[PDB]
Amino acid sequence: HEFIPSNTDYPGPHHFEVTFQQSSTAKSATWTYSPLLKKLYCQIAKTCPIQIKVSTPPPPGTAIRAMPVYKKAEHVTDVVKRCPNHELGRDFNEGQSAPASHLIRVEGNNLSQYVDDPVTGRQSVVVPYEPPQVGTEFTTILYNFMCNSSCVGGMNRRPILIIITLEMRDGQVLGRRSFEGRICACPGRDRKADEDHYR
Amino acid sequence: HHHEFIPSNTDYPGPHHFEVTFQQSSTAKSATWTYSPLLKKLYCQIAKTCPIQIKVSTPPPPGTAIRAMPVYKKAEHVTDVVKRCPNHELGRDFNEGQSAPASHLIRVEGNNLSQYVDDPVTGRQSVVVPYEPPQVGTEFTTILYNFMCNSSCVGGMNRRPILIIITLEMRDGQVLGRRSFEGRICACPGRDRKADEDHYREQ
Amino acid sequence: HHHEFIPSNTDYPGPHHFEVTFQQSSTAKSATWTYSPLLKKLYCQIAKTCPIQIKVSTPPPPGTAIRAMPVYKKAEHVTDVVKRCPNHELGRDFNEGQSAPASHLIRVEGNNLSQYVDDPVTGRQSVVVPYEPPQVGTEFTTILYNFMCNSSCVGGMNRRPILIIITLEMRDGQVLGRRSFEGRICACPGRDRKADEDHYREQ
Amino acid sequence: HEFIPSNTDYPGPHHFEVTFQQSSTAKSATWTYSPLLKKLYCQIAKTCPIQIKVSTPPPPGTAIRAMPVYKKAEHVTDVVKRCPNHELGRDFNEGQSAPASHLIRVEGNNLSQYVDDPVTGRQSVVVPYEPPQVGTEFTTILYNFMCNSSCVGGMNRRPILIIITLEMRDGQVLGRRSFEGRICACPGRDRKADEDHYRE
DNA sequence: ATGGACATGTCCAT
DNA sequence: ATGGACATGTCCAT
DNA sequence: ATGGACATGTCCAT
DNA sequence: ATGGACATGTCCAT
Ligand SMILES: [Zn+2]
Ligand SMILES: [Zn+2]
Ligand SMILES: [Zn+2]
Ligand SMILES: [Zn+2]
Numbered sequence: 112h113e114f115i116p117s118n119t120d121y122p123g124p125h126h127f128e129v130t131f132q133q134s135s136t137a138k139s140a141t142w143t144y145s146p147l148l149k150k151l152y153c154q155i156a157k158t159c160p161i162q163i164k165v166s167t168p169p170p171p172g173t174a175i176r177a178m179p180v181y182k183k184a185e186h187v188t189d190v191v192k193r194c195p196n197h198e199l200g201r202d203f204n205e206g207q208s209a210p211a212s213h214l215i216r217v218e219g220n221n222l223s224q225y226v227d228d229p230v231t232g233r234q235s236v237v238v239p240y241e242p243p244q245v246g247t248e249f250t251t252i253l254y255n256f257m258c259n260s261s262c263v264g265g266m267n268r269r270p271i272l273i274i275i276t277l278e279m280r281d282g283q284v285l286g287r288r289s290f291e292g293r294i295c296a297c298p299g300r301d302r303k304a305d306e307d308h309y310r
Numbered sequence: 110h111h112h113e114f115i116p117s118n119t120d121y122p123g124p125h126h127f128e129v130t131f132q133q134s135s136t137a138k139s140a141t142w143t144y145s146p147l148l149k150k151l152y153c154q155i156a157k158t159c160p161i162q163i164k165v166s167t168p169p170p171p172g173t174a175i176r177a178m179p180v181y182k183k184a185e186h187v188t189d190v191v192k193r194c195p196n197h198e199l200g201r202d203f204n205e206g207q208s209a210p211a212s213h214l215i216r217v218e219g220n221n222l223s224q225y226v227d228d229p230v231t232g233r234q235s236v237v238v239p240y241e242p243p244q245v246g247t248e249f250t251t252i253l254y255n256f257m258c259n260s261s262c263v264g265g266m267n268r269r270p271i272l273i274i275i276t277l278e279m280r281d282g283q284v285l286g287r288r289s290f291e292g293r294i295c296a297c298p299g300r301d302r303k304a305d306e307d308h309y310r311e312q
Numbered sequence: 110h111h112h113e114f115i116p117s118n119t120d121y122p123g124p125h126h127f128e129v130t131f132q133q134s135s136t137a138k139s140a141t142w143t144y145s146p147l148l149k150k151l152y153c154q155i156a157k158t159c160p161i162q163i164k165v166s167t168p169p170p171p172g173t174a175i176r177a178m179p180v181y182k183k184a185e186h187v188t189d190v191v192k193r194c195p196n197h198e199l200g201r202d203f204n205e206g207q208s209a210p211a212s213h214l215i216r217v218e219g220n221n222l223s224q225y226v227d228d229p230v231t232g233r234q235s236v237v238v239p240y241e242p243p244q245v246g247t248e249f250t251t252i253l254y255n256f257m258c259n260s261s262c263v264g265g266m267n268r269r270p271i272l273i274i275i276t277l278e279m280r281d282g283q284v285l286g287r288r289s290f291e292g293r294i295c296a297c298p299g300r301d302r303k304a305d306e307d308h309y310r311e312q
Numbered sequence: 112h113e114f115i116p117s118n119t120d121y122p123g124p125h126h127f128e129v130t131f132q133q134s135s136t137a138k139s140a141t142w143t144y145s146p147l148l149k150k151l152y153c154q155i156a157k158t159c160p161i162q163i164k165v166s167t168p169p170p171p172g173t174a175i176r177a178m179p180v181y182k183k184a185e186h187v188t189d190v191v192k193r194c195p196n197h198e199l200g201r202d203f204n205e206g207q208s209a210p211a212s213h214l215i216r217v218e219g220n221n222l223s224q225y226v227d228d229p230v231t232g233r234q235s236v237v238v239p240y241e242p243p244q245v246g247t248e249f250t251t252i253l254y255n256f257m258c259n260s261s262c263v264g265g266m267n268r269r270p271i272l273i274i275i276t277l278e279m280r281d282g283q284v285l286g287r288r289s290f291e292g293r294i295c296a297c298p299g300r301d302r303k304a305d306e307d308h309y310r311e
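So the sequences go chain by chain: D, C, A and B. The numbering of the first sequence is the deposited numbering, which starts it at 112 and goes up by one. The numbering of the second sequence is the deposited numbering, which starts it at 110 and goes up by one. The numbering of the third sequence is the deposited numbering, which starts it at 110 and goes up by one. The numbering of the fourth sequence is the deposited numbering, which starts it at 112 and goes up by one.
In short, the hints are calculated from the structure, not lab data. For each residue, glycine too, the CB sits at the ideal point set by N, CA and C. Possibly wrong hints are sitting among the right ones.
[Stated by the list, open to error] Just the calculated beta-carbon pair ranges, DEER-fashion:
1) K138(B) <-> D189(D): 36 to 46 Å
2) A296(C) <-> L199(D): 17 to 27 Å
3) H186(A) <-> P122(B): 51 to 61 Å
4) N221(B) <-> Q224(A): 50 to 60 Å
5) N204(C) <-> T247(D): 55 to 65 Å
6) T158(B) <-> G282(C): 54 to 64 Å
7) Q132(B) <-> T231(C): 55 to 65 Å
8) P124(C) <-> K138(B): 43 to 53 Å
9) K183(D) <-> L253(A): 50 to 60 Å
[As the list claims (entries may be wrong)] Heads up, simulated SDA-like pairs for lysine to any residue below, C-alpha to C-alpha not over 25 Å straight-line:
10) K149(B) <-> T250(B)
11) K138(C) <-> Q132(B)
12) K138(C) <-> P160(B)
Work out the full structure: start from the sequences and follow the hints.
In C-alpha cells, the structure reads:
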C-alpha cells in the first residue's frame, strides 16, 4: 500500500514527551542524541535507552510503538526492514526469538511484542506503558538496532527517522514523538562531523 | 578413500606444461582489472570482464576442459565454501538475464558451453568449459571470467582473501594441469594493487 | 476575449469550413521551403518568403482576420514563448528596414496591413493580418510568412521543435477556427525533410 | 575603433617562459596544446592551465595579463568580445561576479581583475605574479573560456591567438608571450588540423 | 540557383 | 573521458 | 574512463 | 570505552 505513516509530533493530552538521558561531555559511547540536530546516533545492535515523560496518567491498555521510516520522500513508501545479510546472519539472530526480519528490537521486556502488520507491512515493536516505578520518574525503554544505516539492500544509506507512538489499548494514538537516527559504527565521530560540517 | 574433492592448492604444470598467464592491464587505478605479477594477485572488479591467457606446448586429450574454482586463501577459512554473499545471491540484479547461477561467484562471459558445476559430494562451486584450441592467435587462448561479489562483501567473503584455482582436466575429471593465484574483488584494483606493492616494496 | 493562457492547439475548421492548404512544395533539395504532408510539418529556410493557401466554405464575418503564433511542440518546453534568439533580435541585420519587431519570429511578408501583437497577459508574440477574400479564379487566400530564426539558433529554440497555429478569428478575437503543424526553420529543407520521413518510414 | 596591441613574442629580462602541461596520450580531455601548431584547444567554459617560468625574480607590482586577439589580418582591430547570446544568457553570470562580456575569465584567484580599456576597449584579465608553489611547479594559472570560437555574434569562427603579457607595477611589459587558440567543443578534432598540415 | 563535401556541435557507453 | 553516429550550418563549383 | 575527495566501517593500544 | 590509522566503496566532476 502507498500508505505512508503519520509523523507529526503529537504532544498527547497527557503531554506525552519523548527525550534522551543527557550525555555529560562524552565522545564515542554506544549511542548519543543530538538536540543540535534532533537525530540520535546509536552504534548498531548495541543497547540504547530512550526516556519517556507524560502529563497525566494513561488509561489501561496503553502501549507504545517504535516504528522506523525513511526520511526522504523517495523511499518513504518503501518500508524499512533488515538487510538480507543480517536478517539471514547467524549472529544476533540464533537463539533470539525476535523476528530476524525487523530493524527495531526491544532487548529487555520479554513481553515486548513485535508486529508485522499485513495491512501495510510496516513491521515494528510494542510494549504497554509501564509507569515509572518509584514516583515521578520516567519510563525508559531499551532498544537496539539490527542493521546499520549503511547496510546495503537494507536501509541502504537512506536517512531514516523514528516514530514512537503512545497508543490506545486498541490501536488509537494519544500522542507521538519522532526524530531521525543513524546507525554508525562510530557514532560521535559522525555527530562531531555532522555539527562541525554545518553550523 | 579415493576421490578427494577438497580443493588442491599447490600447482601442477602438467604433461603439456600448463601455464596461466595474463595480458597487460590498464595499470591505471580504476582499471576494470589489473595483475600484480610480483605479488601475484589478480585485481579484478565485480562483474567486470577479466581475461586470462592460457596455453600449453603440446595439445590436450580430446575431451579436455578447464575449471576455475575459488578457495579461501586462509586455512582457518579453507574449510568454508565460497558462495556469492546471500546478499547478491538474493539480489535480483546481475542475476536476471543470466543462465549462470546467482548462488555462484565465478562466471564465464563468452563461452556458450559454460557448465557451472555444483559439487554434490563436497558442495564446491565452480565453472567448467571445454578446452579451446588457440586457432590463429599466439599460443595464448582466452577465457573470460566474471566475479559476482566483492571480496569485501558481507555475509560472504567478508574481507577474506580468496585464492583462485584453474584446473586442467579429462572428461574423466582427472587432472592434467593446475595453477593458482590470490584474487581480490574490489573497486580501485589499481589503488589497492599499488598499495599492496608498496607494503611489500617497503618490506 | 483571447482568454486561453497557453495558446490553444487542437484543430477546429469551424462554421466557415476552415482549411490551411499547403502550396505545391519546391520538392527540390535545397528549396526555400518544401512541405511534408506526411509529417504534416513544413520547412522554410530562414526568412525566405513562405506562402500558404487558405480555404473557407463561406464568407467570413467582416473584420475577421488571421493570426499566426509560434508555439513549442512538447510540454517539456511549452511554457516558453518562442521569442527570437537574442543574437538576431539584437541583430543589426534583418533588424533595420523592417516594420516588424526584431523580437518577433514570424512576419507577414507583404501585407501593407500586417500587425504584430504581444499579449500583455500571457506574453504571446504573434502576427495578425486582416482577412481578405480569395479572388480571381481562385478559392485560396494566400498569405506569405517569414521565419526569423532557424531551430538551431541558441538564444531562442535551441534545436527544440515547435508547432505553428494559424488561428482564424473575429476582430474582438473570438476564434472561428484554427489549424497547426510542426515547423523547422532549417537550411536544406529538402534534405532535412526526407531525412525525417526516412528516420521514420522504417519503424 | 583603435590601433592594435603588441603582437610579438618577448622573452624579457627574466626569461619568461610560457608553456603547457605535457601530455600522456589523451584523445578528448577538456583541453590540449599542439606544439606543432603553437595553439591550444580548451573546451568552452572549461578549466585550462597555463604554466609559467622566469629566470630572475620579478619586482613586486608584477602582474600577468591574458588578452585575446583576432589572428586574421582583416579582423585584427576588432574587439575580442563574448558572443551576444552567451554574454547574457540563461547561461552563467551569477556564479561569475566576473564581467559577463569579457571572454577570458580566471576561475580561481579571487583577486583577478578584468579590465576594459576606456581608450582601446580591449577586455583582458590580470592577476599579480604568484611565485611558483615556492616548490618547483613554476606558478601555473587557471583560465576559463566563456565562448567557443564557433559561437556567433562573437568570434564568429575566425582564428585567434592570445598574448600573455607579464607586466610591471606601473604597466610595463617585461615579458610577452602569445599563441593561437581555438575554443573547440572537442579539442580532440584539431588533432586533425595538424593532420591537414602534413596533408600536403 | 543547386547539390554535394566539409565544418563544428550534441548526444552516448564504458 | 574517450571515441563514434548523427544534426546542421556553410563554402564551393555548376 | 578517471583520479581525487570522502563516507563509513574494522582493528588497536589503553 | 576513547583517539587514531587504515580499509573500501562511492560520488563527483572530468
Ligand atoms: Zn544489515
Ligand atoms: Zn556480494
Ligand atoms: Zn536566431
Ligand atoms: Zn558565444
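Hint check:
1. For the hinted restraint 36 to 46 Å between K138(B) and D189(D), the CB-CB distance of approximately 42 Å keeps it satisfied.
2. Hint check: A296(C) to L199(D), Cβ distance near 24 Å, so the stated range 17 to 27 Å holds.
3. Distance hint check for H186(A) and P122(B): the Cβ-Cβ separation is about 54 Å, which falls inside the suggested range of 51 to 61 Å.
4. Against the hinted window of 50 to 60 Å, the Cβ-Cβ separation of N221(B) and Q224(A) comes to about 52 Å, which satisfies the hint.
5. Remark: the range hint 55 to 65 Å for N204(C) to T247(D) is upheld by a beta-carbon distance near 58 Å.
6. About 60 Å separates the C-beta atoms of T158(B) and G282(C), a value consistent with the hinted range of 54 to 64 Å.
7. Our hint of 55 to 65 Å for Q132(B) and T231(C) holds, since their Cβ atoms are close to 57 Å apart.
8. Checked against the hint of 43 to 53 Å, the C-beta distance between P124(C) and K138(B) comes to roughly 47 Å, which is consistent with it.
9. Range check, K183(D) to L253(A): Cβ separation about 56 Å, and the 50 to 60 Å hint holds.
10. At most 25 Å may separate the alpha-carbon atoms for a hinted pair to count; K149(B) and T250(B) meet this at roughly 21 Å.
11. For the given pair, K138(C) sits about 21 Å from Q132(B) by alpha-carbon distance, which is consistent with the 25 Å threshold.
12. With a CA separation close to 24 Å, the supplied pair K138(C) and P160(B) stays within the 25 Å bound.
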